[PDB]
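This document starts with one chain, in the form deposited without ligand CYT, laid out as structure tokens.
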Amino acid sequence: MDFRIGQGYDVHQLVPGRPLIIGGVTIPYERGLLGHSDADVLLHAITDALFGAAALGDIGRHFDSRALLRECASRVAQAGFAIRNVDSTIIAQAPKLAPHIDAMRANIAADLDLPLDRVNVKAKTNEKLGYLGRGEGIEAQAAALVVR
């Protein structure tokens, strides 16, 4: 069977006067992520990981973030691949993310037409190190397994 892996990375700046939206979840917070889209860093990383596993290039070449994630899933099926699983990590010093994880996972599973058991989201701080540790941005990493 023809399995493929993909990995994705994203980061966005935390700025005043934007809502904080991660994995489709709006999180109460003084700042939000800056981007041309809704800057959903988690969804962007998953999107890149899915495009990478299908060898379809990247999000910058192809393109709210859930609509884009749905379009990615479409283009991935279009190339003849089915999604097996997604795993990810959010790196954010603040705010606390644990209470929103299940919602993110629910959002992603719905967007990718996957059961909850094939979608995972993990949260981490950066132990006060670098721009992430100073709360200047939020990073997401993703890994996706697909099969043709």
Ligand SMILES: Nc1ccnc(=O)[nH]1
The other form holds:
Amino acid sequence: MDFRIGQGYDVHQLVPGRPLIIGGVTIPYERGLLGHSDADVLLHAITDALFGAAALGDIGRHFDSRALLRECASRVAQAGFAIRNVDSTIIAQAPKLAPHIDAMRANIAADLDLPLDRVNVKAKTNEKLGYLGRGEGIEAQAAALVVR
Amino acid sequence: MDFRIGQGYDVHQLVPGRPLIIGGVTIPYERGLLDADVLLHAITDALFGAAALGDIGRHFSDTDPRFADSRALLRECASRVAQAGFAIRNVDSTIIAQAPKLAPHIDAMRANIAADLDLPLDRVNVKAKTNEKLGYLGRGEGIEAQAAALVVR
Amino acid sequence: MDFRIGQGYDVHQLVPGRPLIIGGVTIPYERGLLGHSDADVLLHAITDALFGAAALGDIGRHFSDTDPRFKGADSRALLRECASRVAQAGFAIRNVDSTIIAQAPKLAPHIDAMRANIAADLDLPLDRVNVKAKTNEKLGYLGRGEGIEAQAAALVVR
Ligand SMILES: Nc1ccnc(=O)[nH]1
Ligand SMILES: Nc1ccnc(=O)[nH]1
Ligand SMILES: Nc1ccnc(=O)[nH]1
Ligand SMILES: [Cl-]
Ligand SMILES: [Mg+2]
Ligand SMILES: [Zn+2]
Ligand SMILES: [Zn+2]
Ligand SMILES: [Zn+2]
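Same protein, the form solved in complex with ligand CYT this time rather than the form deposited without ligand CYT?
And the full complex, kicking off with our chain again.
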């Protein structure tokens, strides 16, 4: 059986008067993510991880972020792949993410047509180090397993 | 069969006044990590990720009276992964530290992790990188670990 | 069905007077990457991921930072030897995915060429090799164009 892995990376700046949307979840915060779309850093990293696993290139080559994640899933199936699992990490000094995670995971599992038990979202601070630890941006990392 | 991957990340500040412990190994150095075992946390996180059990923060709170050191948490993690129905297939990882030299300590760390995970030794790998004097890591202000894990149900 | 995964990281400083070589492609640019070898950040990260998947240590173990035979070393040749030691360990490579993070130059026009180089060195079809390119959204030393980073994941099978 023809397994493939992919890995994704994303980061966006924290700016004033933007809403903070991570994993499809709007979170109350003084700042939000700057990007050309809704800047959903978690969903972007997963998207890239999925594109990588199917050897379809990346987010820049192909293109709200949930519609984009859905399209990615469609193009992955187009290529003949099925998604086995997604895992990920959000790196954010603030605000607290713990309470929003199950929701993010539910958003992701819906968009990808996966059962909840095949999707995971983890959260880390940056221990006050670098631009992340200063709350100047937020990073996400993702890993995806697919099979042909 | 029913394979899953997981990935882990971790970082801790590196300052005078503490012992340096990485992958269960104490390392002579003029600094230490605020036990703070980056390598073992990233790997634990990777294992929960693969199992889709959340993360180390949900399982072992900076609160709970039940918790101990990073190898104990790794064992408990492994046991919880087993109960969800997953056997661990392999682990790989990278420590990014500008200093001190990690090469001599690598087989020791791999030995701890394989013991803790109940794996054949040839299923655990640990790599080491500098950050080429770039950023907080390259200035020695902290140390990062990265981990990946394959599991099967 | 004895599958293994690996992951890899690399960074190098971007400096005046050096060739810019990434994924084995020489990119026209006024700066290049600094290292002992040709400092190909992408191939190094992929080499790490392969060594890691096979549990063979890492690129420092196999091709020391200090052995003068690796001065100006072609990193494609290092990747090929890596693939060779992975197969000799009994693994076949199934796929590689990877990411480059760089403020500049534009990497999109060279990405296919990099994928081609990697697929040849690993003896894979193009459709099992993927290369992605990111900016760091202007954050940190990567945003300041001080270095270029790469990440890789590889799946192999015994
Ligand atoms: N920002 C956060 C980092 C880690 N854990 C959280 O719950 N929130
Ligand atoms: N800190 C280290 C960086 C790179 N190699 C080592 O062996 N140790
Ligand atoms: N340096 C680059 C970053 C992102 N995309 C590119 O095409 N190039
Ligand atoms: Cl940038
Ligand atoms: Mg990083
Ligand atoms: Zn993004
Ligand atoms: Zn930690
Ligand atoms: Zn390198």
